[PDB]
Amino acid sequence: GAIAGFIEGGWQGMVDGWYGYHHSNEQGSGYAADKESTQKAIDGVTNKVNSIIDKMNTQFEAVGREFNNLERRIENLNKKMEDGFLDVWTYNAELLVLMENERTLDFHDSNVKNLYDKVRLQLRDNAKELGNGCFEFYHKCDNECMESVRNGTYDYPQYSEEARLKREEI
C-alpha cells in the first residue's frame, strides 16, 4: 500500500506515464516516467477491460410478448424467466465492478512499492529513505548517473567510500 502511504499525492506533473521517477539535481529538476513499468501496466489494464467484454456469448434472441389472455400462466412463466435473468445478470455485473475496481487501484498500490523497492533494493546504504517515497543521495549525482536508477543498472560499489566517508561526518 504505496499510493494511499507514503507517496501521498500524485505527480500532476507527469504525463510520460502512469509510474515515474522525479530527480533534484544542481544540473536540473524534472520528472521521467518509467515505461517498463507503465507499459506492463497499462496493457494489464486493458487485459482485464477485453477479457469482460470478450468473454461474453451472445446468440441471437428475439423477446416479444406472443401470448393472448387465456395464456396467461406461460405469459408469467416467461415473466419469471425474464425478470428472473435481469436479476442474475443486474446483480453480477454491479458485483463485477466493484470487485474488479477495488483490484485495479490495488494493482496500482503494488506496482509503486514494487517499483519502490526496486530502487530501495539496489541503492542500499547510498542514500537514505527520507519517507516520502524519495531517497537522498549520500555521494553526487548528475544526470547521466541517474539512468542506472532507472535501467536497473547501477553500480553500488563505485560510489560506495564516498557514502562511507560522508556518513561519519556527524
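Numbering follows the first chain given and starts at 1. Rigid core (definition): largest C-alpha set, two forms, superposition within 1.5 Å. Compared with the form deposited in another entry:
- Of the residues listed here (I53, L130, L121, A62), only one shifts its CA by 2 angstroms or more between these two forms after fitting on the rigid core, and it is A62.
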Given for the second form:
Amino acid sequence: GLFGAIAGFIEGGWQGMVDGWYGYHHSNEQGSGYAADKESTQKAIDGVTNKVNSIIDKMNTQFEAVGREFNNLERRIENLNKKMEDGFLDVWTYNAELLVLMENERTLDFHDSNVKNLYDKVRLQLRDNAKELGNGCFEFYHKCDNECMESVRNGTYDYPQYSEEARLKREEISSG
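The form deposited in another entry is what I want next, because the block you gave corresponds to the form deposited in one PDB entry; please supply it.
Below you will find a single chain and nothing else.
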C-alpha cells in the first residue's frame, strides 16, 4: 500500500480483533489481549459512509432514457435518438465505474494511512521509553500495567512518569 502499514511493516491483520478496524494488542504481567481503537475506527466509519453516500448522491442526476418511436422515413432522427441515449448511458456507466475504481483505491489507502497514523501516534507517545521492534510492536523499557496500556491507547501516556525507569533499563541493556 501507499502508506506501508497494512501488509507492509505490519505483515497481517488480526482475526481476534472483531469490534473494530484498527486497534492494539497488549501483553504485560497482568495478561494479554486485543482492544479496538474506537476513535480511529469511528472516524474511518464516518469517512467511508460519507464516501458511499456522496457517490450515490453524485449519481442522483444521471441520464434517464425515454422511449421514442419513429416511422420508416425518419431513420436519420431515429438513429440520432438511439446514439444520443446510448451515448449518455455510456457516459454515465463510465462515470460510475471509474468513480468506483478510483474511490476503492482511495479507501484502501485510507485504511492504510489510518493504521500508519495510529502506529505513529503510539511511537511519538513512547519515544525512547520503548524500543521499536519493526513489526508494529513496541517493547517497553519499563513496566506498563493495564492503566499504562490504556494511557497509551487513549493518548495520555505520561513519558516523564516512566522516563527514569526506562533510562535505567536502557543503560543496563547498552552496558551489556
